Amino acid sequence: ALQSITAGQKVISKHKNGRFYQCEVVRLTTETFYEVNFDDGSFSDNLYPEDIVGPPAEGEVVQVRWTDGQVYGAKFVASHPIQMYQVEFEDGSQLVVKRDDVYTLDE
């Protein structure tokens, strides 16, 4: 079988403070990213649905709120669901991270 991370798993991940700490996986959650081709010719495949001012159809014209607070016109390409992990640290703080920010233990 392929290795997997599951709820309750003791692992090592990055705290919001940037440092690594042992933590526990509280639950698996799916994050959905949107991909769009901007009118200016560039494209982003890591926007969140909250950045559009179900998902639109490929080619559909949409307005995207960028990181600069400005709105740009674009056409929707596709949505990308990605398996992610909600982990909780010693102080009780919690975070949703990707596979690459998680280091598993042998037991």
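Positions refer to the first chain, counted from 1. Compared with the form deposited in another entry:
Two rigid parts turn against each other between the two forms; the point where they join, the hinge, is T30 in the list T67, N46, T30, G59. After fitting the larger rigid piece on its C-alpha atoms, the remaining smaller piece is found rotated by 26 degrees between the two forms.
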Second form
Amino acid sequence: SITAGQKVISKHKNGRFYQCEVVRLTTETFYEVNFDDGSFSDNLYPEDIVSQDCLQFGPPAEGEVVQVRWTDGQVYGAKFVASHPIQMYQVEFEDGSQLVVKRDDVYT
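Give me the form deposited in another entry now, not the form deposited in one PDB entry.
No partner chains or extra molecules come along with it, only the chain itself.
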């Protein structure tokens, strides 16, 4: 795997692959939920949970019924599945532009 300062390959905003450098490692927590319509999201922010205060009191229990504010502003019902501590990599390209990406998007 990857440490900081390392030179890696990742996709640029322009769509092409370039060598870029790894400047920061962050561990970022994403929530996963199963919506009532049979769909799921595993990349929710904790504060997208509106039926409890997760920044302050942590994640709902696994399998708990929650209400989720989605990206159209509207609230949907769901069940909590998991919180994911995910390795993030802030990468810098030759032109000074930075992205924040996860492991499957960075290449050794």
